[PDB]
Structure formats: structure tokens, C-alpha cells
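> Here is what each chain is made of, one letter per residue.
There are 2 protein chains.
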Amino acid sequence: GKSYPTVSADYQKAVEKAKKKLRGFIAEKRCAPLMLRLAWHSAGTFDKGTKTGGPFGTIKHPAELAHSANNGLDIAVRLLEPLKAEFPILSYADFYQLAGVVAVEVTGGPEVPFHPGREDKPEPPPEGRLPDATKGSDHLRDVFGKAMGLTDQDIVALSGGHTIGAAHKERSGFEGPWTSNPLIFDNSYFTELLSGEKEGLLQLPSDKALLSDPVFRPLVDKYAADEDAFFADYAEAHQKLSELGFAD
Amino acid sequence: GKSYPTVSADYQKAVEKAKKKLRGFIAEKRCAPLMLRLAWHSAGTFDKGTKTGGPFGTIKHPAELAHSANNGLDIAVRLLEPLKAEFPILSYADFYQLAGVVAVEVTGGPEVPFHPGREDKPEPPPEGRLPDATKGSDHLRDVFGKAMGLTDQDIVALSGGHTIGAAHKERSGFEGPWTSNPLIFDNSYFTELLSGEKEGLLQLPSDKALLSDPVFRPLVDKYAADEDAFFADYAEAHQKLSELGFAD
Ligand code: HEM
Ligand code: HEM
Ligand SMILES: O=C1O[C@H]([C@@H](O)CO)C(O)=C1O
Ligand SMILES: O=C1O[C@H]([C@@H](O)CO)C(O)=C1O
Ligand SMILES: [K+]
Ligand SMILES: [K+]
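Residue numbers (this note's numbering), protein chains in the order written: chain A, 1 to 248; chain B, 1 to 248.
One chain only, chain A, in its complex shape:
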């Protein structure tokens, strides 16, 4: 239920130019997964009951980067600082979410609609709102549902974001890619999740929780059979996540 704010023509021109520069930079640096993870951890702190947190640029604060769930995301902030400085008119909030949208696009994923106008806010949210990889469906619903206000369909679709990238034992402690093609955005996360553990590939307990839940599991089966349907629901869910607490 969104009402997007008006931004000047110069702001809109800067979005379009930054989008292109982000494509080139993210593709060349091979950091699309990290950038997706930065945008998601930015937005995923939203609490709908208090309207605190969410995608309002606070993740660049050292206080929020120190959160253990954000281990490694200081690399992302640093990687983007030279480009952000070329687009001073843009908020950090818009810039990081635009980077997440581009991360998905440049790895072959759906084109997530983007609307500008997030304002940078000065206080990071409390630590502890991001999901815990060792937990299961109840915990997923607590975080995405009770806090962020996303649907069970969004949970499954957004979990397929793991179709790009890898864990790092020096960041979370988990290690390895979810897929055999970690810079390619496709439905492979779901086909691997269904096939069992393969050697070399990662499954978190929070991934496996999707297989045993009666609402999540049919979605997993849908996305593994129908990549177009995964792309549609993913684009819906990403857009919602990127706009949590914004333009309501």
C-alpha cells in the first residue's frame, strides 16, 4: 500500500546514472551477492509495530556494521563509497537498495521495480532482528512476518536469494556456496535444496526449515519446477523488502 514521494528531476537523473555505474562496478568486482546481502540486511531490521529500522541507510554506521550478523558487510560499504561520492544527491538508503536491485539484475535475475525517495535516518535499529541460520520455520515467521510484515510466500522467495553467493567461515562461520553457479541468479537454490546435500554445497538449518513446513514446502516445489514463477514472486518480495517502512 504505497505512496511514493516526489523527487526532483536531478535526483531521478542521478538514479538512472548510478544504476548504470552500479551495473558495471558490481559485474566487474564480482560482488553482487555481497551487495544483495547488504541491501537485505539494511531493510531486514524493520519492525512494523514500532516502524523502527528498515532500509534507511543506517548500515553504513560502524555501530550497525559491528553487529555479528553483519560480519563482512563493511567490505560492501567500503566498496561502494567511491561510487556513492559520485552521486552526492542520492541518499545512502536509496543507493544501497539500488545496488541490491542491480545485484539481482546483473546476475541474470528479475528486474525488481525501484522507487526513489528513502531518507537517511540517524539511529541504527537494535541488534538481533536479522534471522538466525540455526533456527527454523517459527523463527522465520517471527522475523519476516511478525517484525517485517512479509508473507510466507515472500519468505520462501526471498530465501532463494541464496542462489547467489556463499557463506564464509570468517563471517558467519558457515562456508561455501548454495549452488554450483553462485554468480548466476536462477532457481538452483531450490533444486539443490530438494536433491539433498551434495558435496561442496551449503544448506543452512534455516534453508532446510523450508522443506519441512507445510506452507513453505509447496513454494519450494513450485520454484524448483517453475523458474518464471520464482522470478515473479522474488521480484514482488524484494520490492516489498526494499520498501519496508518507506512510502506507506
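Calculated directly from the structure, the hints in this document are not laboratory data. Some hints could be false.
Unchecked claim - Straight-line distance between alpha carbons at most 25 Å, and here's what the computed DSS-like set of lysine-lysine pairs gives:
no.	chain 1	residue 1	chain 2	residue 2
1	A	48	A	121
2	A	146	B	121
3	B	208	B	135
4	B	20	B	240
5	B	146	A	48
6	B	121	A	51
7	B	240	B	84
8	A	51	B	146
9	B	51	A	48
10	A	240	A	222
11	A	121	B	51
12	A	48	B	48
13	B	198	B	135
14	A	121	B	146
15	B	48	A	51
16	B	240	B	135
Here the structure of chain A is known, so what remains is to put chain B with the ligands in place on it, guided by the hints.
This is chain B with the ligands only, laid out in the frame that chain A set:
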């Protein structure tokens, strides 16, 4: 601006009986300062922008007792558990605030009006909202003013709560009483604050901040000259603090 909830006659009878039992117990155990500090740290987590936190019984949770600002308050919770069990109808929130009101009364202080009907809530607030003793007036206003929504007069009056009790090097790290009579509720905190450091008595940086601020300092002078005026403003401020986020 309060609208107090209706409670049954049995609840009201239990308040009155617990008030008496609290007087006897707190007087005998010599723990009025700790009990005041428990009630204040319960209520002082209130944030008026989000309506989170405040005096709703969450301080008995191990998660909130672990907060470093609450070092030692597990002693208080434990001390009160046998009495609370004699009054099962009462919420923990009402019981702890009633204990704070009695702590003030039984050490000779003003009779703070008490209204029942706080409901126990299940989530403790985030850590870090209670004031920092090494900081000054700006920090006091951030905490009491911007979060809790109390006035500068309340800040000074409520700081005179230090007229009873002591710091402990194994809890905060500070050590000693503010006053020569730490179980007597009087204006002595302000007369000591004005006289300078005396040997054996404690002044926190947050106490000393009251002397250098142009709004706080006249209040300090008022309370040190006029204990009746301290008692009046204290009773006002304590009642407000004990009712933050309650019955609005
Ligand atoms: C469902 C609950 C989730 C849990 C428990 C979880 C947990 C994790 C963990 C532990 C890592 C490894 C971090 C590291 O060690 O480098 C990770 C990586 C990643 N996460 Fe999630 N995550 C969840 C949901 C999401 C969502 C909703 C998105 C985006 C839509 C996402 C995108 C990513 C990406 C792209 C990576 C790889 C990052 C890289 O390669 O640097 N995750 N996640
Ligand atoms: C103004 C900002 C405040 C700061 C920075 C502060 C800080 C502290 C500290 C560090 C201690 C010592 C804890 C220990 O080591 O045992 C303490 C004790 C105490 N505080 Fe405060 N406090 C403040 C306000 C308040 C308020 C508003 C009240 C109640 C109205 C209060 C009541 C007490 C009492 C009664 C004690 C003594 C506790 C005991 O003897 O066990 N304080 N405070
Ligand atoms: O997605 C990522 O990009 C870098 C690296 O893989 C390529 O630069 C990294 O640290 C990430 O987790
Ligand atoms: O106010 C207090 O009561 C006890 C003790 O002084 C008397 O029991 C203590 O640990 C407190 O800080
Ligand atoms: K993939
Ligand atoms: K005293």
C-alpha cells in the same frame, strides 16, 4: 494525561495488603534503595516515540537482568519473589512499582500516589536506554527527555533518589553512599552536591552535571534550600516515571 484502568475489588485489596507487607519486608531487609533502583530501571527503559519499554514487569527476565546497567538487580528480584507469590493476582509490573513507592515511603520520603493496572508484557526493551553515569546534561536530556518524555524538573528531582543508597564497585564500579544517611529519604543529596566532595561520599559525573547546567542548577539550589519543595517535585516525577507508557 492519564486514564487509569479498572481493576476488580479483589485486585485492589491485594494492592493494599501487599503495600503493607512490602513496608515491613523492605524496612526489615534494609533494601529500600535497591528496590527504588529496581522500580526506576524497570520504568526508565520507556521510549515515547515507539511506546516500547517502561514499567511492565520485564526486568525480572534474565535477559534484562543481564544488562550491565542492571548489575545487582537480580538480588532485588530474588528478594521479592517470595512476597510476590503471596499476591498472585498482582502483575509483576504493579508489584515492582508498588515496591518503589514503598521504598520511598518507609525511608521517610513523600507518599507517591499509586494506581494499579499495569499488565506484564513479554519482551524486554533493547539494552542501552538507561543513563550513563560518566555523561552529562545533554545525555540526561536525551534519556529522560527525548526517550522517556519527562521534564528538566523531573530529571533533577528524580536524581535526588540518590539520597538513599550507595554504588557498589562490583555492580556499577562506583562505590559508596551519596549521603551520610543512606536509608533516610531527605534533600541531603543536594546539600552534599553543593558542598563539594566530602571524603567518603560519592558524586557521579551525572550528578555533577546538574550543577553546571543553567536549568538544572536552580532546581538543585531550590531542593537544597527547601526539602518540602523537593518532596513535592519528587512525588510528581516518581509518579510520572512509574506510569510511563501506562494508562495514557
Ligand atoms: C531466511 C533467513 C536467512 C538466514 C538465516 C540467512 C543467513 C545467511 C548466512 C549465515 C549467510 C552467510 C554469510 C557469510 O558467512 O558470508 C548468508 C549469505 C547470504 N544471504 Fe542470507 N539469510 C537469510 C535470508 C536471506 C535473504 C532474505 C536474502 C536476500 C533476499 C539473503 C541473501 C544472502 C546472500 C546473497 C548471501 C551470500 C552473501 C555473499 O556471498 O557474500 N539471505 N545468509
Ligand atoms: C540521572 C541519571 C542516573 C544515573 C547516571 C544513575 C546511575 C546510578 C549508578 C551508577 C548507581 C550505582 C549502582 C551500583 O553500583 O550499585 C546508582 C544507584 C542508585 N540509583 Fe541511580 N542513576 C540515575 C538516576 C536515578 C534515578 C532517576 C533514580 C530513582 C528515582 C535512581 C535511584 C538510585 C538508587 C536508589 C541507587 C542506590 C541503589 C542501591 O543502594 O543499591 N537513580 N545510580
Ligand atoms: O559477494 C562477494 O564479493 C566478494 C568476493 O567474492 C569477490 O570480490 C566477497 O567478499 C563477497 O562475499
Ligand atoms: O539497597 C540495598 O539493600 C542490600 C543491602 O544494602 C541490605 O540488604 C543491597 O545489596 C542493596 O544495594
Ligand atoms: K545459482
Ligand atoms: K539521605
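> Against each hint, give a clear statement of whether it holds in the structure.
For each hint, the structure was consulted:
no.	hint	in the structure
1	48/A <-> 121/A	16 Å, holds
2	146/A <-> 121/B	16 Å, holds
3	208/B <-> 135/B	10 Å, holds
4	20/B <-> 240/B	22 Å, holds
5	146/B <-> 48/A	21 Å, holds
6	121/B <-> 51/A	19 Å, holds
7	240/B <-> 84/B	24 Å, holds
8	51/A <-> 146/B	17 Å, holds
9	51/B <-> 48/A	13 Å, holds
10	240/A <-> 222/A	21 Å, holds
11	121/A <-> 51/B	19 Å, holds
12	48/A <-> 48/B	16 Å, holds
13	198/B <-> 135/B	21 Å, holds
14	121/A <-> 146/B	16 Å, holds
15	48/B <-> 51/A	13 Å, holds
16	240/B <-> 135/B	24 Å, holds
Taken one by one, the earlier hints all hold for this structure without exception.
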